[PDB]
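Participant: Listed here are the chains, written in short residue letters.
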Amino acid sequence: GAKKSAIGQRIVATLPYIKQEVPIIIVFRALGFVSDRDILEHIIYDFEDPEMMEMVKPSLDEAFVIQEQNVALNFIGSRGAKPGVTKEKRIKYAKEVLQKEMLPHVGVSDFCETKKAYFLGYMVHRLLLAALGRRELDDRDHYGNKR
Amino acid sequence: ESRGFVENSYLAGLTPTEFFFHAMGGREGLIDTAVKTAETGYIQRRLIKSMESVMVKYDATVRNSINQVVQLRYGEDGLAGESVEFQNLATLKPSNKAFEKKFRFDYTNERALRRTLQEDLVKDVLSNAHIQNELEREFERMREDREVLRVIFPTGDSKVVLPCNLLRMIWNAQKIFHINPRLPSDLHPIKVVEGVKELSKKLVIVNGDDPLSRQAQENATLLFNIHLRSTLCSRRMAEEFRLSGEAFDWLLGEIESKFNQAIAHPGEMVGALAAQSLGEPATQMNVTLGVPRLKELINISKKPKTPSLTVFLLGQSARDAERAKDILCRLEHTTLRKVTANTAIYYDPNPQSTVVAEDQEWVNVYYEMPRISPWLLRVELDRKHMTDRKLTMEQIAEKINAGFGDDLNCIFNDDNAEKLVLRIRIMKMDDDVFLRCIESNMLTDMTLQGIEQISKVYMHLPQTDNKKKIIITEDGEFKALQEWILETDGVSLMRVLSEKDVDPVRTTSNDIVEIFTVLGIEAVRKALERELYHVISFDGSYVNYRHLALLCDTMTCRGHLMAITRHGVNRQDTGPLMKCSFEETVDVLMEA
Amino acid sequence: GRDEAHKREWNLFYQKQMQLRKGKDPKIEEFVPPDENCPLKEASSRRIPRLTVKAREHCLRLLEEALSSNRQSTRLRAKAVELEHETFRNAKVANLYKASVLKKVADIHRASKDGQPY
Amino acid sequence: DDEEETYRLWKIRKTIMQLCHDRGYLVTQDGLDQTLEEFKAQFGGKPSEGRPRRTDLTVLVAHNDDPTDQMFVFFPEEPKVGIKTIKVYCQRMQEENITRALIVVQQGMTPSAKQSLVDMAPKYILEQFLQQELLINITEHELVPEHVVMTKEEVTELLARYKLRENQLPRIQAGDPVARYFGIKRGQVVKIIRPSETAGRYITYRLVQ
Amino acid sequence: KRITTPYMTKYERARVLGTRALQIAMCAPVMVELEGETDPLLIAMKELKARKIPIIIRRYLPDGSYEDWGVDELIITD
RNA sequence: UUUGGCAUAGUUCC
DNA sequence: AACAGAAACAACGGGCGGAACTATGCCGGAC
DNA sequence: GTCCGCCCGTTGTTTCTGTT
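Chains as they are written, first to last, in the deposited numbering: chain B, 246 to 392; chain A, 818 to 1102, 1116 to 1200, 1206 to 1262, 1278 to 1442; chain R, 495 to 569, 576 to 618; chain E, 2 to 210; chain F, 50 to 127.
Among the clues, some could well be false.
Unchecked claim - Chain R regions said to be covered by chain A (calculated; three or more residues, Cβ under 8 Å):
id, stretch
1, 501 to 514
2, 589 to 600
Claimed, not checked - Pairwise CB distance ranges, derived in the manner of DEER restraints:
id, chain 1, residue 1, chain 2, residue 2, range
3, A, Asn1244, R, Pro617, 50 to 56 Å
4, E, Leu131, A, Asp1156, 26 to 32 Å
5, E, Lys115, B, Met368, 52 to 58 Å
6, B, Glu307, A, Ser1305, 31 to 37 Å
7, A, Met1199, E, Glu143, 57 to 63 Å
8, B, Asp384, E, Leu131, 45 to 51 Å
9, E, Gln108, A, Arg1416, 37 to 43 Å
10, A, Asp923, E, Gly188, 39 to 45 Å
11, A, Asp1156, R, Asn531, 45 to 51 Å
12, A, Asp1241, R, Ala537, 19 to 25 Å
13, B, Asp384, A, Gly858, 28 to 34 Å
14, A, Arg985, F, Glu82, 37 to 43 Å
Unchecked claim - In silico BS3-like links for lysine-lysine, alpha-carbon gap of 27 Å or less:
id, chain 1, residue 1, chain 2, residue 2
15, E, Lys81, R, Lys592
16, A, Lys1168, B, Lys302
17, R, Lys548, A, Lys1350
18, F, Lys50, A, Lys1155
19, B, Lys248, A, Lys874
The hints are simulated quantities; they were obtained by calculation from the structure and are not laboratory data. For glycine and all other residues, C-beta sits at the position ideal for the given N, C-alpha and C.
The task is simple: from the sequences and hints, build the whole structure.
Facilitator: Set out below in structure tokens:
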């Protein structure tokens, strides 16, 4: 169809303990970043890369609706293991998941958002590099990727 | 050395990197050995379950447990597999002149007669006229058999499998009766002709006297009778073998005995025999061959792993590379992305003052002699791909007009300038998002040329006697010709067959479902047999044709393709107890 | 089946967007008949939609000017009228007619540059 | 293009002539063998705005055993043949007193039209053939052995000779390409004559069911 | 009118030999003069060679009919 | 002169 | 406008080698 | 002595055209 054909590729994230997929800009906004300039500072490190900017543009076109942390958290928490009958409990569940089950190795304290955002941006950046054919895809049989 | 070419022999020893590379090489062999076994066993089990109850009845027909005919004569001839031998026909390949000289029995020279036949027989031959008429009629029958053979066996293969080894029987007769080849014989060629005619009546496969039964017997013994007449020709007997009366009588007796012994015994379990005979090679077994190919052919899927479609050309396209490349272009799918160089969306409301300076002259010429939207869709076409496919910008423009109608505008440059330019303008619903959908559709849906679903098409001269065209010259020999043959990826058989300058007779694919839906059930049977023969004989192995024919008939007996799975096994109108023992027990029993 | 579905979805999308760009009264451009001095063959023919007599007369002048320039280089009306009429007869739509005329003009100019009579 | 359209019409006509010749109807040698230029001359070399307009190409021919039993070969001019078109064709057949007719379709027929074709089966027999299915003769392909339609007398004699009930023969679907080519109904038996590698010839039998 | 083959198939030969050997081993009269033999299988083979085995084979055609062939009438191939 | 079963692991042979 | 025939996509379920030989742990828990 | 990892045949859902 026409709209999918024009959009092309979109970037989505599968957070644990959540019913289905979430667009990445929603998660970044839920972390507390509103401005597209700031989100692109977290993702695209060198802004003199028009191909990367064009690749990330359709992901930002899903931010036409969501613009605030509260509504972003609501959207994330709507899809919990047991969806709530209220809204404050759903938003608290969303914050709890983004603070406890998303990237535990970065941190679990209250002020870990400033680093979780950077690491999630690094994941997205490496995905873009893979999609542009600038780094080789990993292989599971390589023994440096084993324990 | 870097990528693993071991320069040393096992006696000199391997340097450490070569040792590790050799271990990496041997691991693959160990893995294949440990992997193929279960799949081979499963294939053999499925075949056995499919054909476990097919038998040879006392009617001589081949029927399953429900008395449904599979073959009216086992192996289409009625003989047993373990009693037949390889033999040569010896009258198919020789030219006209050689054939006549070798099989004519000249009775006019009379010096060859005095040298080969006895004195009391040469006078009889030169005096009688009924003898001469019979001897000419024999050669007429041999010529007709030669034409029948050439129809049955194109590509000129003499090697064949028949029950009685006539040449070895003749050698045995010569040694048993102490025949001296340097002396004239006492065998009357009329006795030879009459003996062969009487012998052929005692080799009965289909018993009866109705026209239907006589036709069935003639069809059942045609090839062997042709071979018998070719071998026991009177001239060949007089020149080469030089038999005698008692020797010829003993030979006829031995032929009768061996033919009667080489007939299939009623009660044989030919279905299980065929299952084992086709499944035991599986344990030793750019396309797919071997175990995966056998799996695909047995359980037919509508999506083969590597579909292909070998295409033969009719005329001068077969020889000259020009029309060969032209057909190659005609039969390969190509959208606009395959030829486009770059594209862009501009904002240029001024027809005269154009943001791009290159189009100025011709865009002004177009606009000077006549609303519209101010947006643009400027695309650039790669010259190399544009000129490779022999495409033309007028052709692209008319294809765009056909695809979108006159609600678009199109202005195009020509190949004179170094930059080939196409400019498109439109003659909720905002322009930029509409132009991006126009570009996206026009680049992935245009279909400028080719046949859809045909991805890549190759073009190479054949190097095998089955993929080459073999004709018969005016002197009767077989001459092999090399003509260009195509080999595509992806299958759409009907369109390729309907294409101009494509041979509608020899064109074939390797998708069984496609062959079915295009050509029927008999064609699917023949094609399935050919594919099975190819996969089996890729390894140089040999399997008797009767087992192949039985498997193909079992699979295509009921008019539709019957995959050997639970679906096909339970589709049969058999008893529930046969189906319960195969891939579905409780469900079948409870349904019944 | 997916290609057929996508082609139908595209055609519906395209038709919707073009209907939103079609005004209520598409003024059918009135066909003005040729004048008494019109040198065009089949001048009154309405076979090509939206192709006017004045457009064909303009296209004919371009062919004459090109052929005149060619003859001046190599040391004409009848030939221009035949070239126009052949192009008219082969064309189905006005845009392709115009493009085939401009191609003939470019071919005449190429012959003139090469010092060849067209 | 006009050349390609003329070529397609000529190929369809030639295949239908071969089909009628195989079905036993009376088609002459000159009608069977027409060159492209001869067809261009006889019925227009220009299809678009020309004499051949998918009409006047309809063929009426009489069976070799009965001039009273005749067949039509109609060429609808519509990419999607409809109920009213089928009714028009049936009216023409009724007025000309014709039992059987062929219909070559540009692209396809609506399911409503197909069911309205099936409904009148005892009254009239009409068959649908696509434009793509007739650009080639499937019978001429080397993978397809010769088929012969057997009379009820031949069927009875065969069944008596082998002592077979018709359930015990191999089958062939009524939607088979060759079955549609020969126009065979359920209950008829076809005979397959093919060369063999181990016998030299082998005659099989198939029941249309 | 008998249409079945005039030879004795391997299966018929095997079953006839087994049944005749069992009959002899169950203390039944023989139809040949044994020249010193004692094994029932050997005696049965001797009888089959002599064409003295008193069995008639009932061959069932697939159409339900049948034909009775005596061992004396069937050509013994092997 | 009387008879346990379920699961997991390792090994032999094609 | 109501009805009906045919088709694209999605979800669900069954299917996956043959033999053979040793050993070891376990067969319900509280009151 | 009582309670506690991949393929592909079916069927559904939904959709898209034709008739009257």
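Participant: Would you mind marking each hint as holding or not holding in the structure?
Facilitator: Okay, the hints, checked on the actual structure:
1. Coverage of a stretch by a chain is defined here by at least three residues with a beta carbon nearer than 8 Å to that chain's beta carbons; for the stretch 501 to 514 of chain R and chain A the count is 8, and the condition holds.
2. Restraint check on the stretch 589 to 600 of chain R versus chain A: 6 residues with Cβ-Cβ distances below 8 Å, three needed, restraint holds.
3. Checked against the hint of 50 to 56 Å, the pair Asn1244/A and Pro617/R fails, with Cβ atoms roughly 35 Å apart.
4. Against the hinted window of 26 to 32 Å, the Cβ-Cβ separation of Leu131/E and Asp1156/A comes to about 27 Å, which satisfies the hint.
5. The hinted range of 52 to 58 Å is satisfied by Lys115/E and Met368/B, whose Cβ atoms lie roughly 56 Å apart.
6. A beta carbon spacing of about 34 Å between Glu307/B and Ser1305/A agrees with the range 31 to 37 Å that was offered as a hint.
7. For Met1199/A paired with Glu143/E, a C-beta distance near 59 Å keeps the hint of 57 to 63 Å intact.
8. Range check, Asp384/B to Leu131/E: about 50 Å between beta-carbon atoms, so the 45 to 51 Å window is met.
9. At about 38 Å, the beta-carbon gap between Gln108/E and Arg1416/A stays in the expected band of 37 to 43 Å.
10. Distance hint for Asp923/A and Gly188/E: a CB-CB separation of about 58 Å, inconsistent with the stated range 39 to 45 Å.
11. For the pair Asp1156/A and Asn531/R, the supplied restraint of 45 to 51 Å holds, since their beta-carbon distance comes to about 48 Å.
12. Distance hint for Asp1241/A and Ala537/R: a CB-CB separation of about 23 Å, consistent with the stated range 19 to 25 Å.
13. Taking 28 to 34 Å as the suggested C-beta distance range, the pair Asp384/B and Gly858/A conforms, at roughly 32 Å.
14. A hinted range of 37 to 43 Å holds for the C-beta pair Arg985/A and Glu82/F, which are about 42 Å apart.
15. Between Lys81/E and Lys592/R, the direct Cα distance comes to roughly 24 Å. Compliance with the 27 Å bound is thereby established for this hinted pair.
16. Proximity of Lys1168/A to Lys302/B is assessed by CA-CA distance (about 26 Å); at most 27 Å being required, the pair is judged to hold.
17. Taking the CA atoms of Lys548/R and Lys1350/A, the gap is near 42 Å; set against the 27 Å cutoff, the hint is violated.
18. In summary, the hint linking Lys50/F to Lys1155/A is not supported, as the alpha carbons are separated by about 68 Å, beyond the 27 Å threshold.
19. Under the criterion of a C-alpha separation no larger than 27 Å, the hint pairing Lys248/B with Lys874/A is inconsistent with the structure, at around 67 Å.
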